[PDB]
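Here's the letter readout for the chains.
There are 4 protein chains.
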Amino acid sequence: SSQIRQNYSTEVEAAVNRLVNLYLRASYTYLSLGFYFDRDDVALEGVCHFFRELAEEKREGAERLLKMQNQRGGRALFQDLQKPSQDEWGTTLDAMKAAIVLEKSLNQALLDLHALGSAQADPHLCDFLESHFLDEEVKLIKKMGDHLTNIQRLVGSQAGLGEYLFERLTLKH
Amino acid sequence: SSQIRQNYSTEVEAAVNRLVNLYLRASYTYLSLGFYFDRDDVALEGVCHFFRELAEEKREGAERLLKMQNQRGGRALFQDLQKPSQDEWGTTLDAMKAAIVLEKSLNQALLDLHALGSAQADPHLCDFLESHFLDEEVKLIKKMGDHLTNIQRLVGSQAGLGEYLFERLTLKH
Amino acid sequence: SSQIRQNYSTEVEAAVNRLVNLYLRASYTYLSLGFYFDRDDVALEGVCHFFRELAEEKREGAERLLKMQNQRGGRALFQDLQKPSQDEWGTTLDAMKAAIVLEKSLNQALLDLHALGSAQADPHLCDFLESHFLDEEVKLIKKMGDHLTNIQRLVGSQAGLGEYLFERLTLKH
Amino acid sequence: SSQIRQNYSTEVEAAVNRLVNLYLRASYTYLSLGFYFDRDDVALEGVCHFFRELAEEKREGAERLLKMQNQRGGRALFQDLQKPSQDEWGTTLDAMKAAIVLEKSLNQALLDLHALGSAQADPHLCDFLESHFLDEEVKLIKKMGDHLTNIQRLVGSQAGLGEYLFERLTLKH
Ligand SMILES: Cc1ccc(C(C)C)cc1
Ligand SMILES: Cc1ccc(C(C)C)cc1
Ligand SMILES: Cc1ccc(C(C)C)cc1
Ligand SMILES: Cc1ccc(C(C)C)cc1
Ligand SMILES: [Ru+3]
Ligand SMILES: [Ru+3]
Ligand SMILES: [Ru+3]
Ligand SMILES: [Ru+3]
Ligand SMILES: [Ru+3]
Ligand SMILES: [Ru+3]
Ligand SMILES: [Ru+3]
Ligand SMILES: [Ru+3]
Ligand SMILES: [Ru+3]
Ligand SMILES: [Ru+3]
Ligand SMILES: [Ru+3]
Ligand SMILES: [Ru+3]
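Residue numbers (the entry's author numbering), protein chains in the order written: chain U, 1 to 173; chain F, 1 to 173; chain D, 1 to 173; chain L, 1 to 173.
Read the hints as simulated data drawn from the structure, not as lab findings.
Treat the hints with caution; some may be incorrect.
Said to hold, decoys possible - Among the chain D residues that face chain L by a calculated CB cut under 7 angstroms, a handful are:
| hint | residue |
| --- | --- |
| 1 | 4 |
| 2 | 6 |
| 3 | 10 |
| 4 | 11 |
| 5 | 123 |
Just so you know, even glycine gets a beta-carbon here, dropped at the ideal spot from N, CA and C.
Construct the complete structure from the given sequences, taking the supplied hints into account.
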């Protein structure tokens, strides 16, 4: 059973399992994005790398949530990971827009869980998401917004040229 | 416009701009305090340094707030910085009392903003001020209270002697 | 009072206090410029950094002037810092033009003070501004003129592309 | 004779020789001050050291002036060094007041020489005193003013105690 569970509602436990699924789905979406930019007919290494980095970050988030679930005496329950929404992701601009939409959705889910935990009187969950999730999301979304603005400025006139330059001069390590 | 703003009210955005102005005004007040203690007819180096340190700390606080404003998709709006309340600051005791009053006012403004963000359901702002502002203020106010007590104990009898000794033995690096 | 003041007119003392206010206002303007280029819908890091660097340089200038004021036995008097002339600063070209106008105004104020000190027979002030101010201004204005020329050359045709390239290849550290 | 003299008036040459004599006399005064504070019935090591430091600084100033005299093709002419104005120098307060009076007199002599060189159209002399003399004097006079203020604050009530504390906590290395 559990010998440790204290002040941890079934509602929060369920919400945490949903958040795990959302973070893993986000990770899977970023894996698809990464390999799309690795196609020989796409071939934007900086972009591929940006998304592969995010795949790992999202997986790490899911893992931290699962660790927290066990620390509180809750029980992890996994669901299917739905395949990403697209098989082909278009331009770097299209991809960055999809990424922002995805991150905003995770952020909203975190805000929904915080509003649950506060309604459940759960201070620990509240300082857990605080912390390794809400702040990280804000910073990442700002970075993505900065990127979108730069990508948009570079769309001429000459979209191909701009796409190459962004990958070379902003993204590539 | 902004492509990133999420769960960030116009009320909080305005409050953050006000807090920026308050921190910069505090920085300006500490600049005035610092140079006052640098006067040849005042000449208390430890005291000058204590206040110049605080001028930089307050400026840094304003800058962190401005960074947060942009991270959330809010827009910085600057107002005039009102000149400090005094041109001459009296004794080290007078100056330390004015500093405590000033810090208490910043702290109260932070508490007012936290009470706004909670009423706005904004967990990120709440863990932003938590964090790099509320705890810092508490520690600084305690230090100032400790200093005031020591300064007061040293006021004889022989105020000049006590003022010199505090600067030499507590404040001076 | 002062026990040290020698060959230091009330007119020069007042002029120095005005110059302090001008340098601090310039610092505040550069702070506004810096955070504008940090907006998610502007997002030009090299430009943000260029202006934040200048904010610190101008503050440092004000501080050197205040130190000199006390060394001569004059008394610092602070005035309000007027908010910057704009809330939004347009393009990198607009911003660099505003910066040049601002620096030229500081330079003119330094030239006005030198012409005062010479009319006051004050050699020390004359070799103080010589020195840490006039030469610095000339070098900075030349750098800004160089930047403006490069920015202008890059305005096509394709203004977005040129703005990105200047930030990436000239400004960004 | 000289094969190098250019734009160097007999009036400036004479003024430089007078300044040499003034700096050497100041050095001699500081030597007397230093050894007075070394008396077994005075015994203030920090004070003795402060003045012995100044004796060396003033001698170094005289030497720089003599070097400049030869660089310009002028001819050094030495006069008697008048013995210092006092044989006993009283308290640290009395001594610091005498030192400030002495430095102000050197500064005034430098200002008189600058006003000569400008009336002689001598830019080199003007940037020579600028430079290794006028700025040094301003800084030293400020330091002395700071010291006087601290000494005065310490005169109770209990003059002996204050004199000891200043020597221990401000002056002594
Ligand atoms: C942040 C980060 C992640 C992965 C790498 C690889 C390319 C070594 C570099 C930086
Ligand atoms: C905390 C602090 C800040 C500034 C200094 C300067 C004097 C080096 C030292 C310590
Ligand atoms: C000149 C200068 C000023 C600041 C920095 C930061 C980015 C380290 C670098 C260079
Ligand atoms: C500035 C100075 C001059 C002399 C000494 C001696 C005591 C070593 C130390 C410092
Ligand atoms: Ru790859
Ligand atoms: Ru990487
Ligand atoms: Ru919370
Ligand atoms: Ru100081
Ligand atoms: Ru310090
Ligand atoms: Ru809170
Ligand atoms: Ru930045
Ligand atoms: Ru830099
Ligand atoms: Ru000049
Ligand atoms: Ru000795
Ligand atoms: Ru020494
Ligand atoms: Ru001159």
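Evaluation of the provided hints:
no. : hint : in the structure
1   : 4    : holds (4 angstroms)
2   : 6    : holds (6 angstroms)
3   : 10   : violated (18 angstroms)
4   : 11   : violated (17 angstroms)
5   : 123  : holds (5 angstroms)
Taken one by one, the earlier hints fail for this structure at numbers 3, 4, listed in ascending order.
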